[PDB]
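Chain by chain, the residues run as shown.
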Amino acid sequence: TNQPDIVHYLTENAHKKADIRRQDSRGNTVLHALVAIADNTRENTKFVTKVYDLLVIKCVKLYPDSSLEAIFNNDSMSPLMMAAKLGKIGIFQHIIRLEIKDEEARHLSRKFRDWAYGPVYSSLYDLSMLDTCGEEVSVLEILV
Amino acid sequence: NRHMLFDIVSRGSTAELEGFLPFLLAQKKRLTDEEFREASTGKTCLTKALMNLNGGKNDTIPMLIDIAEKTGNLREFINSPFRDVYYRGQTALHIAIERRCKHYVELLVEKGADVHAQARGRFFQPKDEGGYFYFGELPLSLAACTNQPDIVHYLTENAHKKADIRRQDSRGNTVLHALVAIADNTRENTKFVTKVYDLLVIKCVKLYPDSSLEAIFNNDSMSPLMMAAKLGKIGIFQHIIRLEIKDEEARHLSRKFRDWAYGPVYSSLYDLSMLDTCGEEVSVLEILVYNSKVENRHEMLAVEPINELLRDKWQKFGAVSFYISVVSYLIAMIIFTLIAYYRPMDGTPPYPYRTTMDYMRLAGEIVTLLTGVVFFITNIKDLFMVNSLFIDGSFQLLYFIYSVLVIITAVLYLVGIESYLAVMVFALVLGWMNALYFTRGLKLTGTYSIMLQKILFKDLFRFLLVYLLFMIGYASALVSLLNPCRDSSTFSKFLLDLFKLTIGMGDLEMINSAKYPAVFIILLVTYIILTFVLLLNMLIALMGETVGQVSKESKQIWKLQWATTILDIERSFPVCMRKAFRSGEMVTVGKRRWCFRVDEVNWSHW
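In order, the protein sequence lines correspond to chains Y and F.
Heads up: the first sequence begins at 1 in our numbering, then just goes up one per residue.
Heads up: the second sequence begins at 1001 in our numbering, then just goes up one per residue.
Some hints could be false.
To be verified - The following label-pair restraints were derived from C-beta to C-beta distances:
| # | chain 1 | residue 1 | chain 2 | residue 2 | range |
| --- | --- | --- | --- | --- | --- |
| 1 | Y | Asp65 | F | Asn1054 | 29 to 37 Å |
| 2 | Y | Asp24 | F | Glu1545 | 52 to 60 Å |
| 3 | F | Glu1304 | Y | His107 | 52 to 60 Å |
| 4 | Y | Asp65 | F | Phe1020 | 21 to 29 Å |
| 5 | Y | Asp39 | F | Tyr1132 | 35 to 43 Å |
| 6 | F | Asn1054 | Y | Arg21 | 16 to 24 Å |
These are computed hints drawn from the structure, not numbers from a lab.
C-beta: ideal position from N, C-alpha, C; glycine also.
With the hints as extra help, turn the sequences into a complete structure.
Next comes the structure, spelled out in structure tokens:
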């Protein structure tokens, strides 16, 4: 509903909290619904990137052991793996360009900065799911 | 230990480094010792101090000089370059300029710093050599590459030691050549490089009025104007050409001038000092055509003076060189007419050549045949490795067919068959009718069909070779079927009957279609299908060409070939006739040069 104010209220609560890791009958978490409602318009690519950054940092701060991206579906699909199926671009280009400036949630950032000798910047992208060497299925395979 | 010392400098806490100056008095250890320096690269404490910065400020930086002062290494602890190979030659002076510590650049030189240190490492090479960034290995050139004139104000004037602007590197490049190497055709990078290029030359004249900074060449004898044509950089190119300096002490090297302004008409003036080198080594315009392989050469020829400089020599060497080409073709025709009509024609070629009046026409076979040989071999070499300015590209295919029939004719009277006379007079009819392409005149407006006729000439010559190698190959195949004895004169009969089937003469000698009817048809049907697709490969290569890029490229190569041919005409004349029709005039400006007059019309500026 483009409303983080209930998201502030559901996660912290003196009565009962809201589990972010909870799936559904389709085995989809809170991130997969953001991919399903994602559209390639101007407005819808804006706030979904705001919520996607908000939930993962809140997931690390409440639970430092696991990441919210690690949980798969009934088809064993990450939110990066799902965005190639439905063909959604704005949520795809944000997960790839993921550089989180919260140092407690640093260890899952995707884009890095190696060295900057003035005019030359040395970015760094991870191939954790792009070229699966000995795994089940890749991002690039489902792209094709 | 050493490991605690290399850490706390990055921590930036001088209270955790106290008492170390009396500690070196006991153990007599210098700061530039082996254990007080990284064993792999040579990274020292001061170099580590400048990498990790606390907002660009580390208080150990005057303190590391303080401890080095009591040991007596002020010209050593600062001037110790890197010992490695990949980051070779980089000092602490290179790092402080890099991270823009203007307060700390002043601290290094006042305590004693080598200004002329060269960072000649493999990393500091250009991208063709394997490095990632190039600045000409000089800290004065490095400050110009960081878009920072503030160090350039500090290095040039200094009470301790100044910075020589004229200093080269191991590649022989000065401070201007590094600005050309870092130049990019973006919006931001074309801005400040023009600001630094004006700043350095005026400062070079004010400090040294005798010489100009543009005069110093490279190891390849290249000026900064000569270098920008090699790497194909436009923004630094268009600023050196449009160079009008309003500092009157540095007036005598300005490029653009203002002759007279009678209201709406402005009279600009561009110098041809390097654009048309009359008696010098190599020119700007020559490297724009003969050497530059950059894609931006079409835009770079569209600068202001060269669009009119190429029209200068075209109006003087265009119609003259074209009319000689018409006459020199007519000379080769009248020679061939005297060969054909004066043959004795007995029926047994060749002929006795002792007769002097028959020795004269023997020289005609030297002239005519060899011209067809040179045009035959060079175009095949040009195919593996269409100048429609003068004569359109349909002539080059037709003159090729003229060139093919000459060398076939030369074989036939050397074999011994007297039927050479049909083909010899046949090409004579084409050659006079090839002169009908001379009546167009001269073309300067580019059409889209010009690039099309290169591929027309390309694949039809491929279409003929895929024909003839197939006809010879299939005829040589059928001789291998002949296991009993067969005769070597059968191969002439296979190839004779094989040519007639493609035309449809139907006058054969061995191949009887009534013998094997069901096989002769299905080979002939598939022969139609092989030839019909190769005809469609012509049309798809044309239809797939005239859609996307022909709207730009036909107004690029036509501009490029118009510049390419006129310099090939320029190389044809000797050095004596070169000075005759040289464009440009002598206009005495200041305290005289061969510049070029350009007119303007403007209504806004007053």
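Results for each hint:
{"no.": "1", "hint": "Y:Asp65 to F:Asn1054: 29 to 37 Å", "result": "34 Å, holds"}
{"no.": "2", "hint": "Y:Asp24 to F:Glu1545: 52 to 60 Å", "result": "55 Å, holds"}
{"no.": "3", "hint": "F:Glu1304 to Y:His107: 52 to 60 Å", "result": "57 Å, holds"}
{"no.": "4", "hint": "Y:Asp65 to F:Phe1020: 21 to 29 Å", "result": "43 Å, violated"}
{"no.": "5", "hint": "Y:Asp39 to F:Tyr1132: 35 to 43 Å", "result": "40 Å, holds"}
{"no.": "6", "hint": "F:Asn1054 to Y:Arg21: 16 to 24 Å", "result": "41 Å, violated"}
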